[PDB]
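Taken from a larger complex, these chains appear in their original positions, while the remainder are omitted.
As written, the chains take the letters A and B, and residue 1 is the first residue of each chain.
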């Protein structure tokens, strides 16, 4: 279905889906890509991190393991 | 480590961890996701709500933010 697929601090890998959405509820952050279907995926292995920039929207980042 | 990470009525945002468990000690409720490691996380922003259903399991819900 749609919705968030990862939790704060969860370890992920390249290609890994992070969020499914018809729109841009969540914006691509550092190390995060976005297909045409608005899906958000990890560009590298790391840790999922959510951040709310308020007016700028809700972004999703991936912090490289090392 | 393992254990509940939120309290009754706490205010959580999408992706926040609610419970870290080895098994299905707590069940995913409304607006609550669960990873392969059985981690329960908030699918949307809201209020944490614990519901004991007895033998039917103990649910963890996320009531849509007001």
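As a convention for this text, a residue touches a chain if its C-beta (ideal position, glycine included) is under 8 Å from a C-beta of that chain, and two chains touch if they have at least 3 such contacts.
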| item | value |
| --- | --- |
| Number of identical chains in the entire complex, 2 depicted | 4 |
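Here is the rule we use: only the chains that are shown with their structure count from here on.
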| item | value |
| --- | --- |
| Geometric centre distance via CA averages, chain B-chain A, whole Å | 20 |
| Touching residues (chain side chain B, partner chain A) in the complex | 13-17, 33, 35, 39, 41, 43-44 |
| Sites on chain A touched by chain B in the complex | 3-10, 26, 48, 50, 52, 58, 60 |
